[PDB]
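Of the protein chains in this complex, one is absent; all others appear in place.
A, B and C are the chain letters, set down in written order, and residue numbers restart from 1 in every chain.
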Amino acid sequence: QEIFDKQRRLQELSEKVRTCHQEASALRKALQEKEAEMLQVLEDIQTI
Amino acid sequence: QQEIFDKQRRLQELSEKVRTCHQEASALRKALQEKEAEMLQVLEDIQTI
Amino acid sequence: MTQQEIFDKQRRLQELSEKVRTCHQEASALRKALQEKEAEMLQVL
Partner (left out) sequence: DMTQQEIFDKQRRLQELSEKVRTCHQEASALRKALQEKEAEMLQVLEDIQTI
């Protein structure tokens, strides 16, 4: 399909992948932080 | 009886905190589910070049 | 009776609470693994 057009596709796609990673990397931290907050609440519930 | 009511009230306050943390987590998971697949979606395309 | 019931519910609540803790710690190890796995891929890119 012409190597220059293949190089262009590779670039755009890689960028999109890095963007998805950076986004996912921050969603996991937010999820890990949120689950950690819930555990403190649950500990308190065992006390009544 | 009063004791039960108190226990219930306390459980309810903590329950509200649990619900809020769940609602966010439930949504955070959906956002993470869709995003990780979007990543895999592209990686697949990269293999199609 | 009502009391017994509240107690049973409380116990079940404790079971799930510990089960959530297990899943969380299990998720924490997976997220760290997924982190390095993606980063390993990025380097390749």
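Following the convention adopted for this analysis, a residue touches a chain if its C-beta (ideal position, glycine included) is under 8 Å from a C-beta of that chain, and two chains touch if they have at least 3 such contacts.
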item: On chain B, residues whose C-beta touches the chain left out of the figure; value: 8, 11-12, 14-15, 18-19, 22, 25-26, 29, 32-33, 36-37, 39-40, 43, 46-47, 49
item: Residues of chain C in contact with the chain not shown; value: 2, 5-6, 9-10, 12-13, 16-17, 19-20, 23-24, 26-27, 30-31, 33-34, 37-38, 40-41, 44-45
item: Absent chain, residues of chain A that touch it; value: 3, 6-7, 10, 35, 38
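Everything below uses one rule, namely that only the chains that are shown with their structure count from here on.
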item: Result of counting contacting C-beta pairs for A-B and B-C, higher pair; value: A-B
item: Mean-CA-position distance for chain B and chain A (Å); value: 14
item: Where chain C touches two or more other chains at once, by residue number; value: 38
